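Asks: Based on the provided sequences and hints, a complete structural model is requested.
Below, each chain spelled out in residue letters.
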Amino acid sequence: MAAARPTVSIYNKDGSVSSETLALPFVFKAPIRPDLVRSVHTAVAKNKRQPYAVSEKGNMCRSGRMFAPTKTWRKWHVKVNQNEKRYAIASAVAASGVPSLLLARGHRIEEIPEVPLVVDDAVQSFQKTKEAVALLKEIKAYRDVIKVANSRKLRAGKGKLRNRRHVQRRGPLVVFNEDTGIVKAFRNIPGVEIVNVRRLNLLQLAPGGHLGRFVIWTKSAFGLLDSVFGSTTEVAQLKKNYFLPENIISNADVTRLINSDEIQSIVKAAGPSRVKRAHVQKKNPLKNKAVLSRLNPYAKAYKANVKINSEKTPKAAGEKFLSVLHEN
Amino acid sequence: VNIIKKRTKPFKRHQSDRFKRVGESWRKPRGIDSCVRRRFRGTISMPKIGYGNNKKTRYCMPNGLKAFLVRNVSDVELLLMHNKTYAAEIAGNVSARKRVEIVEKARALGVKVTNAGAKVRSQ
Amino acid sequence: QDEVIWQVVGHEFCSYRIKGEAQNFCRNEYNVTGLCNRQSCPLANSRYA
Amino acid sequence: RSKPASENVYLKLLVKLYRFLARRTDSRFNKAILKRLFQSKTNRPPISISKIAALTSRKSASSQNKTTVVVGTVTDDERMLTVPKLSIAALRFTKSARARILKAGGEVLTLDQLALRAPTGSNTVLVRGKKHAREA
RNA sequence: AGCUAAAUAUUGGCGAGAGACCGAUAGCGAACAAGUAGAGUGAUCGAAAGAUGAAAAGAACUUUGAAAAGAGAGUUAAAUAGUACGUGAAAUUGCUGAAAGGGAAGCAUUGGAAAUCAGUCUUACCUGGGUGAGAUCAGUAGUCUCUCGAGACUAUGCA
RNA sequence: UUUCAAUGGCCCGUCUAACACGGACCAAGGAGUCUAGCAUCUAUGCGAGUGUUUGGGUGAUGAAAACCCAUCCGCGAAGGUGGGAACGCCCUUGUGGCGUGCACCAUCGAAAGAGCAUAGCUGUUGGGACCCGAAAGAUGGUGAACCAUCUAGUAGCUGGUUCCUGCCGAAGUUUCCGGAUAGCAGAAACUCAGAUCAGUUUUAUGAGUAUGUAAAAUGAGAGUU
RNA sequence: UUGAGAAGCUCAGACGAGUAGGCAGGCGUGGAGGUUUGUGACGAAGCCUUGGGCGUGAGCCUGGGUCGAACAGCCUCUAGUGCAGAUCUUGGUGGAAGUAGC
RNA sequence: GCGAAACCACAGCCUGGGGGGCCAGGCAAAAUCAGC
RNA sequence: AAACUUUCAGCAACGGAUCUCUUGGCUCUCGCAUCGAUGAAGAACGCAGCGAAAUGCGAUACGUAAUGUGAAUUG
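Chains as they are written, first to last, in UniProt numbering: chain A, 1 to 57, 93 to 363; chain B, 4 to 126; chain C, 3 to 51; chain D, 15 to 150.
Calculated from the structure, these hints are not laboratory results. A portion of the hints provided could be inaccurate.
As the list claims (entries may be wrong) - DSSO-like mimics (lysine-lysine), calculated; alpha carbons at most 27 Å apart, straight line:
#  : chain 1 : residue 1 : chain 2 : residue 2
1  : A       : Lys322    : A       : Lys311
2  : B       : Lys59     : B       : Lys87
3  : C       : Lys21     : B       : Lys101
4  : C       : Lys21     : B       : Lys59
5  : A       : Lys338    : A       : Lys318
6  : D       : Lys49     : D       : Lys144
7  : A       : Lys274    : D       : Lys117
8  : A       : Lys303    : D       : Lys49
9  : B       : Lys8      : C       : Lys21
10 : B       : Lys58     : C       : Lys21
11 : C       : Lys21     : B       : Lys51
12 : A       : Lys303    : D       : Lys30
13 : B       : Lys31     : B       : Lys15
14 : A       : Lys182    : C       : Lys21
Replies: Here it is in structure tokens:
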């Protein structure tokens, strides 16, 4: 919400920028929640789970049955409210406009010319895949595709006895508007996924639960980002009764209010950093002759042995006391 | 700070010396009939939090540098600013060629590689 | 836009983090100390050198 | 209670702000704002737009320039027909409350914008909601 | 008195596509010869058992032995892969080496004797003059990408 | 590491001092799982509302995914006086005064909705229901008792029930009627920095050295559900 | 003075048995998504070791030998996820013994 | 010459004291066979 | 002292765990409607060049005809 770049430079199929821009869609100011997406994407990834179970016809003996056989009416699918689903794509599209939530997500976009990256409308009629490798190299996105090509490895374990043998990475995601060859052009480059702007999926906007999927936007689908999600106070036109969420913190940055002039004028006088260690040893003021003077400012005048008598000490022993002394 | 160990003999599960089914990794006994659980004197000792070692000289080799698994040539690069508190332990499955290139670069960073000599006979 | 990109990448998952046993290390090429600290991570810290 | 039970990382931020403001100031407001963000969702009950408009504007209707502050959710009451010129500051506003304050009234704030308007929390009211469900 | 599609059911029959399933004591009793071998008069009951090698190149030939095999050999990258065949754990058995053992060992603690292992210690470090090299130097000339100058350069001198 | 010396060291688990019961050894298997319902706590989304998935629409790139949604429907649906959170103005700096007083509690009057959905934890019932064991009966057959099947018959019970560390930690007697209440151990909310207490001792009043009662010493933060 | 993973850093005191029970943090195993410009025929996993290293511990890292095609760390999801024992199931092998005995 | 099986916590000396093991004592040499 | 027993280590045996695979299973989904007196399912016997817990076949017997591919079979 607080403040962001107002206009985004819209690129060309050759790699050069174009004069025309577009407003930043209101979705890119939505909350970034690395927690809500982990709870929705957890539940949306278990919706294409094909069931499994042993045949229905002592678990310690060999040849015996297995303990409490697995059963096909296990809950394989899971319900999630549509306003938490609609919250996740709102949050995971905003993460796709942050240039630093894309690097940490594992993308080699360290040469890309802009974020969010909006190529022109003519990209929707690209026909052959050598017209897509052309595009991804002018705008320096092809280093992601090489990260996917260089990095297929045989699946660790018995996934490969089970029709999945090759793990790899996730390259850019191309979000189009009209399917005029853009799907068939890009669909045989490693990593590249293509989705329409209206049917955006969470399993592609936050794969694995980690937000920050590299999205390459098309100009004709960047415009439709204000009618699919709308604004914070205005209804999304392609959704009945949708309003974009707002934030529990108005400024998205909490260590920069504390240092403002609103706070540091009123605060009490500060203490120090990590404090000094006072009294590390228990010194003994009987056996140490320096701490004794620190505690007792009288050791410079004591005179413990004053001669209060002399040779002339007199006997003071009464007769009647000596009589009761030596009695019996 | 000179490294120190509160114990040097590891703990050894009770009667894991007599029986070959019972393994030597420690398992706290669960019966109150036990001599060991009640901690009778003469029986073996137990893992407790008392034998925890110094929170600064922990994870340190007897030299003083902690370990670090370097499984490729860009895992020893992070140890550039930490060559006097970490030793670059090479991982075991690294080939005997990719190994000989970590050594020649860790030596430039002054980093102790603990087992640089594996598979590498010098001439 | 900074504590947002530290409560995401500093505590949930960052592709550069290395779970050491007494430390954690950052595999970024623009780290100045090699560790994944708050005042060190080049992604959260948005003015860096 | 020392850390919120939630994982909303837009609410680790508020606690990171009001547990700074609790110890660098002499206000027991910040040692009461912080002492509520830790409380669970059933311990921070909602409070309507009518109970807020009734609390401030009563007896003498002292409603000059004080910001009502609830660490909860400012819901709506629709049996209230006209809304006074109020000013609230809560975490969540329901979309029928935020449009019934602004339509004729004042400001809707998060506790962020409160801490840049009353950093020591002067000229405020610190209300709660009714915890009483009468059986639950 | 009577008829009638479609929406619906489908552990079977003829095919098909899959899977966050099991991975040879698991998953069907059955991955192999499987309702087979085998047991019961009968109804019925009913197993164990996968992997040489890339290619059989599956060991020619000589010799001992009645045989089985054995030894020399020979193929293989591998025989530390020889059909008792991928890797080959434990119990358990024999030989060799070193110990210990006066009608109990077993283990824990502190050390002797024997055996053996590791430690960066290999060397490095730091400080003047002189000699030569040049570059981020030129009281210097040019190119390109970015943004006046910031890097990459190509000259030429190396003051 | 092997061994020697000195000193210690009753065999493990189940039981209820010893016992008994289990233990020849090794390997792999092997026991609180799934589902529905209810309740608590926590998390999230929306909020006087809430719930897309019976369906429909859509989905050219696993099209059983994702996405959108009509008509029903389910659950729900403003009194003073004392305290008291906090916050102003104070001037006895504070103290104290002074004003507005939320929740919750008393007092006298007759009360301005908090829920819905999803997930997790623990618990509880119901299903095979932690594993294994416990004569039965039925139905249909084979041969002159046996064989499958329901059956995964039957425990009040017998054995077994698989990783580490740290923190708190009892009763084992009541009181009524196996169920209770209280107690001991605990979790939150909310009280009060006071005379609120105290397996305690004084002094005083009585009482026929002991008895109980009240306000001194000594310590320690107490209390409510 | 840099010690801002404010889930970090730092200073000071007291304390440490523990049954039924209650709470918390972690270790390990098979699969799933994401990640390591991840490791691997110059030898992956496994296995053995009178080698070394770490952690209080569950465990992990490693040198040597063996061996021959796959495999792991980190963040999440998931469960047919941990054995000393049940006169436990299957398999293998011992002492009794070259005894009893033919 | 062929060749089991039961069984198997680990076991194997006595006296006295709280049993094979504990405490204090008597003592203590391999390896075996026949009666018992 | 040697032997015997015990312990350690090396080697050889035993044994088949671990690891890796996988023309198998198990589960879900989708399309389809097709046995018999014109002799079904099942049984017995036979048939191969050399076949032996297996397959195919019916004395036209490990099959003929017709079409299609196009030069094999294999020990």
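Asks: Honestly, which of those hints from before does the structure not fit?
Replies: Violated: none.
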